[PDB]
Amino acid sequence: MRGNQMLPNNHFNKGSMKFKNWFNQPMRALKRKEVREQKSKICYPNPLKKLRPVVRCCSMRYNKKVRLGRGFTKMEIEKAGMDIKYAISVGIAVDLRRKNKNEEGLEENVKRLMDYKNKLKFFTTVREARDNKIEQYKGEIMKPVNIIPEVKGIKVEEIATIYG
Amino acid sequence: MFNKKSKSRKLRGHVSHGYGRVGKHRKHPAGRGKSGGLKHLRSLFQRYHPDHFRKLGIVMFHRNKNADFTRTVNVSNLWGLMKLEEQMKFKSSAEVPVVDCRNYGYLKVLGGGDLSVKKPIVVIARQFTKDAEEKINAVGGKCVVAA
Amino acid sequence: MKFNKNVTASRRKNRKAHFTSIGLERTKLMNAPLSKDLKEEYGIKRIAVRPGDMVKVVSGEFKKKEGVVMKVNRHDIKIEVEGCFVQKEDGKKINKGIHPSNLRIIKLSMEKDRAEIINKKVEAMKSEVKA
Amino acid sequence: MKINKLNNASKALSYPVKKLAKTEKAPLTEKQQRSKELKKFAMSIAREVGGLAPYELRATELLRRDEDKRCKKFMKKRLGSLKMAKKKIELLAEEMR
RNA sequence: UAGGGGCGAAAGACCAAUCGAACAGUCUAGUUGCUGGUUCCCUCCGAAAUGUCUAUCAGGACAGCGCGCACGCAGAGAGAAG
RNA sequence: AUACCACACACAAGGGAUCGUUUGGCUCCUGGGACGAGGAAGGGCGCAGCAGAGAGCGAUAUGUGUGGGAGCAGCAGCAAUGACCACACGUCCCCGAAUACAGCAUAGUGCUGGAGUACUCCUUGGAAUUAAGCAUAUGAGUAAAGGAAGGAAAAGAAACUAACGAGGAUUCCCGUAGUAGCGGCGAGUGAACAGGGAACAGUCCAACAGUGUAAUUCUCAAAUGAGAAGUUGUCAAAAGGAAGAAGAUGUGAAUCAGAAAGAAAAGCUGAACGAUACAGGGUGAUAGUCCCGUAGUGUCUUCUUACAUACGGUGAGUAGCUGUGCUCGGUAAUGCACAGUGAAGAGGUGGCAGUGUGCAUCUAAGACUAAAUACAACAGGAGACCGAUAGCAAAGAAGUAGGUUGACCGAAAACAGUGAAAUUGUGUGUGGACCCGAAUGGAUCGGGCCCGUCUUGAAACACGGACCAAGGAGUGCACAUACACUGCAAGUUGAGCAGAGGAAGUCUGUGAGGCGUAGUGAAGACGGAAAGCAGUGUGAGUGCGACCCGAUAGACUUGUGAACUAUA
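Residue numbers (the deposited numbering), protein chains in the order written: chain LL0, 1 to 164; chain LAA, 1 to 147; chain LY0, 1 to 131; chain LII, 1 to 97.
Keep in mind that the hints were calculated from the coordinates and are not lab data. Honestly, I wouldn't trust all of these hints.
Taking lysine-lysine and the PhoX-like style, the derived pairs with C-alpha atoms no more than 25 Å apart in a straight line are [claimed, not checked]:
#  : chain 1 : residue 1 : chain 2 : residue 2
1  : LY0     : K78       : LY0     : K45
2  : LII     : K11       : LAA     : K142
3  : LL0     : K101      : LII     : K87
4  : LL0     : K143      : LL0     : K155
5  : LII     : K11       : LL0     : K64
6  : LL0     : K31       : LL0     : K49
7  : LL0     : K64       : LAA     : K83
8  : LII     : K76       : LII     : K86
9  : LII     : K19       : LL0     : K64
10 : LY0     : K78       : LY0     : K107
11 : LL0     : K152      : LAA     : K83
12 : LAA     : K142      : LL0     : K64
13 : LAA     : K108      : LAA     : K130
14 : LL0     : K50       : LL0     : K39
15 : LL0     : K138      : LL0     : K152
16 : LL0     : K65       : LAA     : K91
17 : LII     : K87       : LL0     : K79
18 : LL0     : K152      : LAA     : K91
19 : LL0     : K101      : LL0     : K119
20 : LII     : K40       : LAA     : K65
21 : LAA     : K91       : LL0     : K155
22 : LL0     : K101      : LII     : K18
23 : LL0     : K31       : LL0     : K119
24 : LII     : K40       : LII     : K2
25 : LII     : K73       : LII     : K87
26 : LL0     : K74       : LL0     : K101
27 : LAA     : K83       : LL0     : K155
28 : LL0     : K39       : LL0     : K74
29 : LL0     : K65       : LII     : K19
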C-alpha cells in the first residue's frame, strides 16, 4: 500500500459469497403485464385494485406528507352509513388493527368513502355492461398528489393579527 | 477523449512489463490490506492519516437518522426560493410575501448576507439564529416559529 | 417476415430436420411439378414420383430427355430414369440418379392406390376452399 | 453532514391537533361475571385438596416470628423477581389471617 | 488385529517395488519478502545504488534524483567589490 | 575432394501446418419438475436368414387396435390378402429395498422400507488462509458427514414498531449503510425502523354442545332388526359454472428463353409475373416464382376454477431467576440449550445495570394459509460465443478402448479436399562454419568470440537451449481517486417500478434516495470565504485464482488395504 487514499475497506474475503445478475429483467416485466391482463378479464367490469385510505407519514422528516394506507377502520365505515360486509362486496379494503386518534384524520377518510360511493354504477349481469361498452378503470384509485404550494401575499395591516 | 488505447498494448516485446529487472513483480512484497501500520508502514500513517489509531467520543447504541435530519438556509437566499416570475411581482406590488421554509424542506434559518429586497417579509421556520431575527426585524418583517 | 416464435430460423436446426426426416416427412421430399395439361386433368399441382410414371428432365446433363421411372432411392434422395446412364472403362453401364426437383411429370402411373391418394388430396382442398 | 443542527428545545415542538376521547369499556355483562366467579371458585378447591408447598411453609413460619426482611430475601431467591416476591408475600399473609 | 492406529527375540524395523505417521479423493488454482519466463515498428526525454524509521539486514514505507500535463516568469552549478 | 561435408534451385519421397467447411459444444431466456412391494433405479443373460460392437426388444423377444400409405440400403427372398411410420394397449427371463421379512395402525382394507437430493428446511462441525511471527480473532456457522419433503420449500396475520399531527400479516425489489456499533478498538467485521414499489386474504382448536333421553361414526341384515366404537365425551351444513390457458393438425400466390463458356447455371443477358407471404432450409456455382416452408386463415383435444349454522378474554415444569457452555452487530446479555430453583391470573415490551411511580403499545407457552421469490436432470427458442492441440472428458460402437488388490482413474481418431516446415534421394551449380563492408578472368583483402538471463563485472572452466510446426503469460467486477472529453447548472441523476409499442432495442410517466448549495466542537450548543451532479475512457491503490508456473506441509470423510510382509 502506497500513496494517499481513503483507507480501503472492500468486503470480498468470503469465498462462499453469491452473485445475482439481472438478465431476466425485461422478460419478467412482460410476464407481470400478461398476468394483469388476464386477471382483468376474469372480473371484467370491476377495477383490479381496491380503495385504500389516506394516512400521514411517520417521522418529523415526513409529517407534512400524506400517503396511501392498508385499510379503512370499522368507525370510518360505520360513520359513512355502510356495514363491513357491504363494503367488501363493493371493493373497499378493511383494517381492524388501525386506531383513530384525531378529528381531522377521521373527517378526511369519511369524505373518500362518500365520494367513491357516488361515482359507482351497478349492473344486473356481465352482458349488460358488455352491451353498454363500459371501459374498465386501470391503476390506483384516487391517489394523493402532494405538490409544492404557491406563495400567498398579505396586506401590511394583517401582519399584526395573523402571522401566515 | 471518449476512447484511447491502453498501455499494456505498447509493452509487447519489452521483457519486464515495466516493473524492473532487479525489483521484479512478486506477489505481495509489503503485506496484505492496510496492515503493518504501527510497524513498517508507520511513515505513511504519520504523514497522511495521523488520527487513525485512537478511540474518541460519546456512544449511543442505537440512533435514528429521521429524528435528527435537518437542512439550513441563509437570509440572503430567502427571496430565491420563489420562482423568478413570482419574485418580479412582489418586488413592485404593495402586498407582503409569506414564505414557509417547511415547503422546500428547510427547517433552520441562518444570518448570512443581506436580504435581496429591502421590503417586509413573513418567514416561517422551526428555528432562527439571533443574527437572522435582527435582520428580518430591521426591514419590518416578522419571524414565526412553527412545528 | 416470420412472427411465430415456435418455428426455428437456425441454419443448424433446419439442416438437421432435413437429413434426419422419416415416415411421411421423407415422402414430402420426393415431390415434383406436374405439366400444364395434367393440372387441368387433376386438381393437384405436385405429387410424389413413383415407379412407372413418365418424366421430362429439365436440368443437368440429361436435359430434354424423357423416360420411365425405374427406382426411387429414399436414403440417398435420387430417382433413376430409363436411359440415363454412364459407361465405365469395362463398357458396363450404370444408371445415374437425378434429384426429384429437376424432373417434371408427363404421364401418371395409376397402378394400386394412386387414384385414392389423389382423391384424398382434392377433397382436403375443397373442404376449406368453399368455406 | 445534514445531521445535528437543531437544539433539543425546538425538536420538542408539536402541531396543535384536536383529539378524540377513548371509549371506556367498564360495563361487564352478567355472563362474564359468572364466568369469573367459577374460575375463582375452582382455585379454592385445589388449595383445599392438596395444601401448601415446602417453601410456602418455610415462608409462613418466618412471618409468625416477624422475620420480615429475612422472608423478603428468601422469597426473592426462590422466585427471581422482586415483584413476584412482593405479591406472593401479600397472598400468604392474607391466608394466615 | 487398520492409520496418531496395528504389529515388533527392538533395527524407528514392517503394514501391496511407498513408512521418524499408508493409500484414494476433496477442501485447493493452499501460501511464497525466493528461482525461471513474460510475444510488433519508428520518434523524443532520461535515472539510482544515498538519508530517517522498521523482529530490520536477499523485503517495505517516507524523503531525494526521471517523465507527462503545465498556471505563470527576470533569472544564473562563473567571476569581481565590500 | 572424382565420391566426404555445407548451401541454393528443379523433380521425387516424409510429415500433417494453413485456408475453405461443420446433423457438435457453451452461455442466456422460457416451459417442465412426471419413480418404487401393481417389485423401482442399477447390474447380468438371451432374441436377426446370413449378425461381433452399439441401438431396439423379453421365451408373444416386429402381437392387437386406430390414422395413414410404397417400398424393405448389401445378397437372397418378401409386399394393396399392406412394405414402412406415428400414436396408445397387450406381453415383460434372472439378481437387486429383495421380503414365505421387520416394525406399526384399524371394525376391516392396510402403511412404511429403497432410488433421487441443483434449489428449501433440521442437526453436526474443520483446516489450509489473513493478521507480513502467533496463541483471542479471521476464513465460517463455510467445506465434509448425517436426517427429511415438494414442485417449489420455509415464513406468515403482532406477548410488533414508534414517540410522529404516527403507523399496521408474511415474502421479494430500490434504499437507510460500509452507517449505529462489535473488535490483541489490530487485521477485519456489521444490522433495524422510515421513505418509493411488486403482490395482496385471512381464519381454526382448547377453555365452552340439545339432558322431556348420544341427537354421532361404522358393519350385517332388512324394509325395519341385530352387533362394534363411544359418557375418561361423539356430534357446529350446499349443489352449482362459464370463462381462462396450453398444445396438436389442415390449407396456403406467382417463369420462361438465349450467344459465349462450363462436368453441371440458379450466374450473366432480354422479356415477363406474385406480395397481408423478400424469415430460414434444400436443389450439380450466388433462386420471391423448381422442392419444404413463411404471412394470412381454418378445425379439434386436454387442463384450471366457483354459495350456509354455536362462541372469547387464565394454553405451566411454561415464562422468569442463579450458575454454566455455545452464539449474535446486540454492547453491565441478541438468541438457543443443560442442571438447580420455579410464578401470577393477570402478564409482556419501550437497543444503557438497579429500585420506585404515572404514561404508551401489545397478549407468549396450541394450529392452518394463496399470490408476488429460488434452482438440476428433461424439452423448446435465441446469440457482436468456440470452430477439431479449440468448444463439455467425449462432433464416430465416450465415461468407450484400456488400467488399480481395492477405493477409484481414463485417451486418441472430422472431409477417401488443399498439402507448409523439420528431414531424405537424384540432377545441376557454388563453396570448405557463418555474418557485415568492397571487388576480380583469377589467387581474396578489412572488421567481427554465443545467444537469452541474474550481476560491480560474462566469450567464459556460471546456468537454460539437438531440430521444425502449432498452443503459450497484466484480465474481469466492487469502492474511493487525479486527469482528458460531454450535457445541464444552485442544482443534478437510465433507483426500482408503471403506461405505449408484432419488442431482451426504443419512447413517455410516476417517484424515493444520495451527494451539493457554509462551517466549529467529545457533546450540550453555536454559526461568518471558495460549483456541483451524472457519464464515456486512460494512468494508479486495495480485496477476490488477480501477470504465468512451482513447495515440504495442515485438515476432513458412514471411502479402501494383512494376495507382499509382522504377530496370535
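Consistency of the hints with the structure:
no.	hint	in the structure
1	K78 (chain LY0) x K45 (chain LY0)	holds (21 Å)
2	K11 (chain LII) x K142 (chain LAA)	holds (21 Å)
3	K101 (chain LL0) x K87 (chain LII)	violated (36 Å)
4	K143 (chain LL0) x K155 (chain LL0)	violated (36 Å)
5	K11 (chain LII) x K64 (chain LL0)	holds (15 Å)
6	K31 (chain LL0) x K49 (chain LL0)	holds (19 Å)
7	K64 (chain LL0) x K83 (chain LAA)	holds (22 Å)
8	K76 (chain LII) x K86 (chain LII)	holds (9 Å)
9	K19 (chain LII) x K64 (chain LL0)	holds (18 Å)
10	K78 (chain LY0) x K107 (chain LY0)	holds (19 Å)
11	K152 (chain LL0) x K83 (chain LAA)	holds (13 Å)
12	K142 (chain LAA) x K64 (chain LL0)	holds (23 Å)
13	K108 (chain LAA) x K130 (chain LAA)	holds (12 Å)
14	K50 (chain LL0) x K39 (chain LL0)	holds (14 Å)
15	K138 (chain LL0) x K152 (chain LL0)	violated (37 Å)
16	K65 (chain LL0) x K91 (chain LAA)	violated (31 Å)
17	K87 (chain LII) x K79 (chain LL0)	violated (46 Å)
18	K152 (chain LL0) x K91 (chain LAA)	holds (14 Å)
19	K101 (chain LL0) x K119 (chain LL0)	violated (29 Å)
20	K40 (chain LII) x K65 (chain LAA)	violated (51 Å)
21	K91 (chain LAA) x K155 (chain LL0)	holds (14 Å)
22	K101 (chain LL0) x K18 (chain LII)	holds (9 Å)
23	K31 (chain LL0) x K119 (chain LL0)	violated (32 Å)
24	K40 (chain LII) x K2 (chain LII)	violated (60 Å)
25	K73 (chain LII) x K87 (chain LII)	holds (14 Å)
26	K74 (chain LL0) x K101 (chain LL0)	holds (14 Å)
27	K83 (chain LAA) x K155 (chain LL0)	holds (21 Å)
28	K39 (chain LL0) x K74 (chain LL0)	violated (29 Å)
29	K65 (chain LL0) x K19 (chain LII)	holds (20 Å)
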